[PDB]
Amino acid sequence: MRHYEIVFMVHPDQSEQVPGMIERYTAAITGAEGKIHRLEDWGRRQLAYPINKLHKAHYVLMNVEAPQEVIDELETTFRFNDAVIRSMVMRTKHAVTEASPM
Amino acid sequence: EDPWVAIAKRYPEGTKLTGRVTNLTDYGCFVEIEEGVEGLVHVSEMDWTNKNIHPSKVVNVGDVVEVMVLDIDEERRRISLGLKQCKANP
Amino acid sequence: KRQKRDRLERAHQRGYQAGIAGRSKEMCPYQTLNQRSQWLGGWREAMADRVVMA
Amino acid sequence: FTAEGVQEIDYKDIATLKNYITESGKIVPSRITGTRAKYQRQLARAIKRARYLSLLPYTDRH
Amino acid sequence: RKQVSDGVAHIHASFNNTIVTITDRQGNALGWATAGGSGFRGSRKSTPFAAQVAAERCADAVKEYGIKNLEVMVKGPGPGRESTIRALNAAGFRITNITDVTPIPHXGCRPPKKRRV
Amino acid sequence: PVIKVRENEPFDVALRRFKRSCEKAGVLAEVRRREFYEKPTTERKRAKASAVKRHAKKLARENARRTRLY
RNA sequence: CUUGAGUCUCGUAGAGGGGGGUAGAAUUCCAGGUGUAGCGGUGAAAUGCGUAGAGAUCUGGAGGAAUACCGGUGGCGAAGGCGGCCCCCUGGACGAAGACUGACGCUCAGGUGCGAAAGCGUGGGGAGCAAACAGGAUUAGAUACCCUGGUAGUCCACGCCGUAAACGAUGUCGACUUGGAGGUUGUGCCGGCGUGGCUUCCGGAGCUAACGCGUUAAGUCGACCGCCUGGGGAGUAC
Ligand SMILES: [Mg+2]
Ligand SMILES: [Mg+2]
Ligand SMILES: [Mg+2]
Ligand SMILES: [Mg+2]
Ligand SMILES: [Mg+2]
Ligand SMILES: [Mg+2]
Ligand SMILES: [Mg+2]
Ligand SMILES: [Mg+2]
Ligand SMILES: [Mg+2]
Ligand SMILES: [Mg+2]
Ligand SMILES: [Mg+2]
Ligand SMILES: [Mg+2]
Ligand SMILES: [Mg+2]
Ligand SMILES: [Mg+2]
Ligand SMILES: [Mg+2]
Ligand SMILES: [Mg+2]
Ligand SMILES: [Mg+2]
Ligand SMILES: [Mg+2]
Ligand SMILES: [Mg+2]
Ligand SMILES: [Mg+2]
Ligand SMILES: [Mg+2]
Ligand SMILES: [Mg+2]
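Residue numbers (the UniProt record's numbering), protein chains in the order written: chain P, 1 to 102; chain B, 264 to 353; chain C, 2 to 55; chain H, 13 to 74; chain E, 13 to 129; chain W, 2 to 71.
Note that these hints are calculated values from the structure, not bench results.
Any given hint might turn out to be false.
[Unchecked claim] BS3-like cross-link-like pairs, simulated, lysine-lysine; straight-line CA separation at most 27 Å:
id : chain 1 : residue 1 : chain 2 : residue 2
1  : E       : 87        : W       : 20
2  : B       : 272       : H       : 30
3  : W       : 58        : B       : 320
4  : W       : 20        : B       : 347
5  : W       : 5         : H       : 30
6  : W       : 46        : H       : 38
7  : P       : 56        : H       : 24
8  : C       : 26        : W       : 25
9  : B       : 314       : W       : 25
10 : W       : 5         : H       : 38
11 : B       : 350       : B       : 314
12 : W       : 59        : H       : 50
13 : E       : 80        : W       : 5
14 : W       : 40        : E       : 126
15 : W       : 25        : W       : 54
16 : W       : 5         : B       : 279
17 : E       : 126       : W       : 49
18 : W       : 5         : P       : 56
19 : H       : 38        : W       : 20
20 : B       : 272       : W       : 25
21 : P       : 53        : E       : 87
22 : W       : 20        : B       : 314
23 : C       : 26        : C       : 5
24 : W       : 58        : C       : 26
25 : E       : 14        : E       : 80
26 : W       : 20        : H       : 30
27 : H       : 38        : P       : 56
28 : W       : 20        : E       : 80
29 : H       : 38        : W       : 40
30 : P       : 53        : H       : 24
31 : P       : 93        : H       : 60
32 : H       : 24        : P       : 93
33 : P       : 93        : H       : 50
34 : H       : 50        : H       : 30
35 : W       : 49        : C       : 26
36 : P       : 53        : W       : 5
37 : E       : 125       : W       : 40
38 : W       : 20        : E       : 57
39 : B       : 314       : B       : 347
Start from the sequences and build out the full structure, keeping to the hints where you can.
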């Protein structure tokens with residue numbers, strides 16, 4: 001329906017669970033005739049400043065083209081899941097595919 | 264656009280040049296051969312009589328002078344030249 | 002009383018005093034570049050000292 | 013300038029954005045960096061987004 | 013008693029006074045002096061000289077402990093905002109590091125009203 | 002404005018670096034400013050004065066060169 | 001009938017409005033550790049805070065309010081006004097070629113709606129600030145200015161009030177009349193040359209009692225509305 005771009009970071013010690021999380025989310029997305037246009041994964045990077053006294057986090061870029069309700073579910077999912085320590089959901093004007101500078 | 268990014272080129276405080284002055288102020292002179300790039304050298308410098316020297320007096324326009332770099336302010340984008348140093352230490 | 006004081010020194014102390022009292026350079030009353038240099042010279046020395054005064 | 017025909021300065025271009033902040037993370041004004049009006053506004057949004065994600069700092073004192 | 017070697021010297025330069033305190037590098041106070049305690053009052057209390065005394069009379073409050081290193085950490089706009097950094101030198105420490113940590117709100121709270129006089 | 006001291010660097014070269022560190026970070030300006038609350042009308046009225054002055058500091062550099070003393 | 005007015009197609013810039021999330025800096029508090037005699041404040045002082053351990057310094061927690069830098073004689077809005085970041089709903093403007101309607105327009109007494117700050121009602125909230133109030137100073141006196149505290153209020157929801165130097169002290173719409181330097185936002189054709197919108201400063205003719213205004217007119221005209229008729233008494237009394 002409409003494009004986005006997620007960029008969720010996740011608690012370092014629990015990086016093992018990230019491939020699962022990516023697996024899960026990209027199911028819900030496309031499980032409503034969505035799409036994936038990009039899905040890089042930056043992996044244990046250094047935080048410019050602390051976050052709940054952490055000095056590292058596992059980052060996961062991801063683009064989408066979904067309708068609103070699924071991209072909405074997804075945001076709530078991030079809220080309650082407490083391994084996900086930051087979220088971010090920009091809109092974008094088009095699909096974005098080309099690989100990121102990370 | 265380009266030159267300011269890779270200003271390592273003449274970064275070291277010890278580095279010295281011969282640049283050419285554009286205009287004078289009464290607090291400095293500006294010595295600009297590097298092109299798209301330009302220093303100052305403050306009136307404090309240029310002499311060993313501190314300010315007992317008008318920039319007009321020691322130097323005049325379109326005049327090449329030997330100078331060391333002292334301070335480059337990568338951002339704020341301003342280089343601090345020195346003219347009293349590249350000549351004598353009385 | 003018999004002879005006028007050094008014009009350069011006076012010009013340098015007038016500069017200092019406008020400095021400390023916080024007037025703008027470009028109040029300088031001299032165009033004689035010689036006296037002008039003294040005036041600003043004072044005015045900039047004074048700019049340093051204001052900082053450490055209250 | 014960021015006028016190598018750029019459409020929309022990007023926040024994750026951390027290499028580039030670093031040229032437009034200072035040591036203490038403060039954004040550098042257009043007049044210093046020669047940036048055009050509407051590239052400065054993009055440059056602001058990007059650095060602000062970045063700061064959220066902790067790809068760039070707000071300060072030195074933290 | 014327990015010697016240290018590596019310390020840090022916080023300096024609180026207000027317009028009216030200058031507090032200086034040496035601490036261990038986990039910020040545990042060891043000694044301190046002020047201009048007010050140095051023996052200056054009012055007009056005098058608020059000078060770079062009175063701040064100097066403070067710094068050096070705080071230096072010979074921490075002889076008990078080791079010395080050599082000292083990273084200075086200055087805060088506020090007072091006149092005591094260097095005369096101290098100077099004094100600690102001739103007190104005989106080596107200043108490895110030195111930084112302004114003056115707090116600034118990124119907006120924050122409404123300041124008091126302006127003084128009419 | 003966080004200067005670490007360099008190998009064999011004199012103290013009175015670190016100090017002057019440190020001073021120039023916060024001159025260019027404009028600290029005392031920021032603190033001086035926020036000692037007291039300025040009404041938003043006053044701040045905005047200051048901003049015009051700055052402008053109508055700056056402007057007339059792009060006039061002397063022209064006009065003087067046109068006129069002449071003695 | 002297509003030149004005024006409008007509709008559609010593709011894009012652009014924007015603190016325009018409404019709702020909901022969230023992030024860093026800082027202040028105040030609460031709980032700990034370190035540590036010891038002063039802190040705070042002023043022109044100078046004192047009230048105040050502190051050996052029941054303050055101030056300073058480090059760690060943890062709570063809570064509200066505002067959004068440094070970017071930031072500019074920048075931008076948006078009918079005006080009042082609007083400034084972190086992110087999604088949801090939503091208004092207006094502007095341009096490029098095309099197509100479409102065919103004078104459908106301009107103005108507007110009464111009417112209707114929006115309308116800063118203070119203030120009022122009900123229910124929340126309360127860090128900082130601060131009318132009232134209290135104490136300390138100053139002074140011949142000081143119901144003030146200055147200092148120490150500090151309650152309404154400032155914040156949120158809904159409802160009232162309808163006012164401001166609500167100002168460009170300049171009603172709205174259209175036409176015409178030498179120039180110069182900028183700012184911001186589109187688009188043509190070759191980093192030069194054009195063509196649109198909005199805007200800042202300067203000045204020519206003209207106009208003006210003068211100051212000044214000057215293609216964003218206070219110039220030259222047309223359409224409609226609002227308003228003035230010596231000063232007090234009075235924007236008051238009934
Ligand atoms: Mg005060
Ligand atoms: Mg804390
Ligand atoms: Mg027809
Ligand atoms: Mg009416
Ligand atoms: Mg009405
Ligand atoms: Mg109100
Ligand atoms: Mg009442
Ligand atoms: Mg109320
Ligand atoms: Mg209440
Ligand atoms: Mg108070
Ligand atoms: Mg009061
Ligand atoms: Mg009283
Ligand atoms: Mg609401
Ligand atoms: Mg209301
Ligand atoms: Mg009225
Ligand atoms: Mg009126
Ligand atoms: Mg007209
Ligand atoms: Mg004019
Ligand atoms: Mg007219
Ligand atoms: Mg008239
Ligand atoms: Mg009357
Ligand atoms: Mg009445």
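Status of each hint after checking the structure:
A C-alpha spacing of about 13 Å is found between residue 87 (chain E) and residue 20 (chain W), which places the hinted pair at or below 27 Å, so the restraint holds. With a CA separation close to 19 Å, the supplied pair residue 272 (chain B) and residue 30 (chain H) stays within the 27 Å bound. Between the alpha carbons of residue 58 (chain W) and residue 320 (chain B) the distance comes to roughly 25 Å, so the proposed pair stays at or under 27 Å and holds. Between residue 20 (chain W) and residue 347 (chain B) the alpha-carbon distance is near 22 Å, which keeps this suggested pair within the 27 Å criterion.
The straight-line distance between the Cα atoms of residue 5 (chain W) and residue 30 (chain H) is roughly 21 Å, inside the 27 Å bound, and the hint therefore holds. Restraint check for residue 46 (chain W) and residue 38 (chain H): satisfied, since their Cα atoms lie roughly 26 Å apart, inside the 27 Å limit. For the proposed pair residue 56 (chain P) and residue 24 (chain H), the alpha carbon gap of about 17 Å is at most 27 Å, so the pair holds. With a C-alpha separation of about 20 Å, the suggested pair residue 26 (chain C) and residue 25 (chain W) falls inside the 27 Å cut-off, and the hint holds.
For the suggested pair residue 314 (chain B) and residue 25 (chain W), the alpha carbons sit about 23 Å apart, so the restraint of at most 27 Å is met. At most 27 Å may separate the alpha-carbon atoms for a hinted pair to count; residue 5 (chain W) and residue 38 (chain H) meet this at roughly 20 Å. As the CA atoms of residue 350 (chain B) and residue 314 (chain B) are separated by approximately 17 Å, the hinted pair is consistent with the 27 Å bound. For the suggested pair residue 59 (chain W) and residue 50 (chain H), the alpha carbons sit about 25 Å apart, so the restraint of at most 27 Å is met.
For the hint linking residue 80 (chain E) to residue 5 (chain W), the alpha-carbon distance of about 16 Å falls within 27 Å, and the restraint holds. Taken as a hint, the residue 40 (chain W) and residue 126 (chain E) pair is honoured in the structure, with Cα atoms around 10 Å apart against an allowance of 27 Å. The suggested pairing of residue 25 (chain W) with residue 54 (chain W) holds, with an alpha-carbon distance near 23 Å, which does not exceed 27 Å. Our distance criterion of 27 Å between C-alpha atoms is met by residue 5 (chain W) and residue 279 (chain B), whose separation comes to about 25 Å.
Between residue 126 (chain E) and residue 49 (chain W) the CA atoms are separated by roughly 21 Å; this keeps the pair inside 27 Å, and the hint holds. The suggested pairing of residue 5 (chain W) with residue 56 (chain P) holds, with an alpha-carbon distance near 25 Å, which does not exceed 27 Å. Taking the CA atoms of residue 38 (chain H) and residue 20 (chain W), the gap is about 19 Å. The hint holds against a cut of 27 Å. Of the supplied pair hints, the one linking residue 272 (chain B) and residue 25 (chain W) holds, its CA atoms being roughly 23 Å apart against a limit of 27 Å.
Proposed proximity of residue 53 (chain P) and residue 87 (chain E) is supported: the alpha carbons are some 25 Å apart, at most 27 Å. Pair hint residue 20 (chain W) plus residue 314 (chain B) holds up; C-alpha atoms about 21 Å apart against a cutoff of 27 Å. Annotation: proposed proximity of residue 26 (chain C) to residue 5 (chain C) holds, straight-line Cα distance about 26 Å (limit 27 Å). Our distance criterion of 27 Å between C-alpha atoms is met by residue 58 (chain W) and residue 26 (chain C), whose separation comes to about 12 Å.
Restraint check for residue 14 (chain E) and residue 80 (chain E): the C-alpha separation of about 15 Å stays at or below 27 Å, so the hint holds. A threshold of 27 Å between alpha carbons decides the hint, and for residue 20 (chain W) with residue 30 (chain H) the separation of about 24 Å falls inside it, so the pair holds. Proximity of residue 38 (chain H) to residue 56 (chain P) is assessed by CA-CA distance (about 23 Å); at most 27 Å being required, the pair is judged to hold. Of the pairs offered as hints, the one joining residue 20 (chain W) and residue 80 (chain E) holds, with about 23 Å between alpha carbons and a cut-off of 27 Å not exceeded.
Between the alpha carbons of residue 38 (chain H) and residue 40 (chain W) the distance comes to roughly 25 Å, so the proposed pair stays at or under 27 Å and holds. Taking the CA atoms of residue 53 (chain P) and residue 24 (chain H), the gap is near 23 Å; set against the 27 Å cutoff, the hint holds. About 20 Å separates the Cα atoms of residue 93 (chain P) and residue 60 (chain H), which keeps this hinted pair within 27 Å; it holds. Proximity of residue 24 (chain H) to residue 93 (chain P) is assessed by CA-CA distance (about 17 Å); at most 27 Å being required, the pair is judged to hold.
Taking the CA atoms of residue 93 (chain P) and residue 50 (chain H), the gap is near 18 Å; set against the 27 Å cutoff, the hint holds. With a CA separation close to 18 Å, the supplied pair residue 50 (chain H) and residue 30 (chain H) stays within the 27 Å bound. At roughly 21 Å between alpha-carbon atoms, residue 49 (chain W) and residue 26 (chain C) fall within 27 Å of each other, so this suggested pair holds. Between residue 53 (chain P) and residue 5 (chain W) the alpha-carbon distance is near 25 Å, which keeps this suggested pair within the 27 Å criterion.
As the CA atoms of residue 125 (chain E) and residue 40 (chain W) are separated by approximately 9 Å, the hinted pair is consistent with the 27 Å bound. A distance of roughly 23 Å separates the Cα atoms of residue 20 (chain W) and residue 57 (chain E); the hinted pair therefore holds under the 27 Å criterion. Between the alpha carbons of residue 314 (chain B) and residue 347 (chain B) the distance comes to roughly 12 Å, so the proposed pair stays at or under 27 Å and holds.
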